[PDB]
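Taking the form deposited in one PDB entry, here's one chain by itself in C-alpha cells.
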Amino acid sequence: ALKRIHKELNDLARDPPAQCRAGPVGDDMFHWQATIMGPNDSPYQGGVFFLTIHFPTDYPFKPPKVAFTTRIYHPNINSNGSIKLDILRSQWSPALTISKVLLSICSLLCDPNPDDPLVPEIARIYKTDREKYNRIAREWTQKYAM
C-alpha cells in the first residue's frame, strides 16, 4: 500500500487538483484529511467541506474509509458524516485514487439518489419540495461550511 499511497501523494503535489485537496495527518500515511469545495451554482457554493480518510492495510484492493467531518445537508450523507456511495463499497475499483474518489464524492452532491436514501427525511423533502431542500442546504452551507 505504501508505495501506492506515496505515488498518490507525489502526484497530488506535482499536479494539484482545484476542486479538492488532501494530505496525510502528521507522519501516518494511512490517515489523511481532505477538503472538497462546494460546487458553484448549487446550494453548496461557497462551502468548504472537510473529510477524514483512512487507507486500510490492503489498499488499494479495499476502498478507503471516508467520512465528512463538516456537516452537510444531503440524502446520501448523514449527521455522522457517513457517505453511502457504491464506489466506497461494492463498486469499488483498485484503480481509483483518493483524488478521483474525492471528485466522485463532490459530483454526488448535486446528483443524489433520493430513491434509495441514507437519510429518508431529507430524501422526502428533495422529492416533494425542492425549493425548500435548496433553502435548507444553503442555510447549512452558510452555517457550518463557511
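Residue numbers count along the first chain shown, from 1. Residues that one form lacks are left out of the comparison. In this text, the rigid core denotes the largest set of C-alpha atoms whose superposition between the two forms falls within 1.5 Å. What changes on going to the form deposited in another entry:
Superposition on the rigid core between these two forms places the CA atom of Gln19 2 Å or more away from its counterpart.
After superposition on the rigid core, only one stretch of three or more consecutive residues whose Cα atoms move by at least 2 Å between these two forms is found, at 10 to 19.
Switching forms now, from the form deposited in one PDB entry to the form deposited in another entry, please provide the structure.
There are no partners or other molecules in what follows, just the one chain.
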C-alpha cells in the first residue's frame, strides 16, 4: 500500500487541486493532514478548513477515512467532522485518487446533497430558506475557520 500512497503524493504535486494542500504530517505515510480553502462563490468563501486523512492498511482496496477538524455548517457534515460522501464509502474504487476525493469534497461544499442528509435541520433550511442557510454558514465560516 505504501507504494501507491507515494504515487498519489506525486500526482498531487504535478496537478495540485485548486487551492488545496495535503500530505503526511510526519514520518508515517498512512496519516496525512489536508487543508481546503472554502470555494469562492460559496457560503464558505474565505475560510480555511483542516482535514485528517487516514489510509487503511490495504489501501486502495478500502477507501481512506477522511474527516474535518474545523467545525462547519453543512447538511452533509456533522459536528464530529464526519462526511457523508458516496465515494468515501460505497462508491469507492481503486481508480479514485486522493485528488479526486478532495475535489469531490470541494464540490460538496458548493453543492450539498440535501436529499440524503447528515444533518436534517440544516438540510431542511437549505431546501426551504437558502438565504438563512448561507448567512449561518457565512457566520460559522467567520467564527471557527478564520
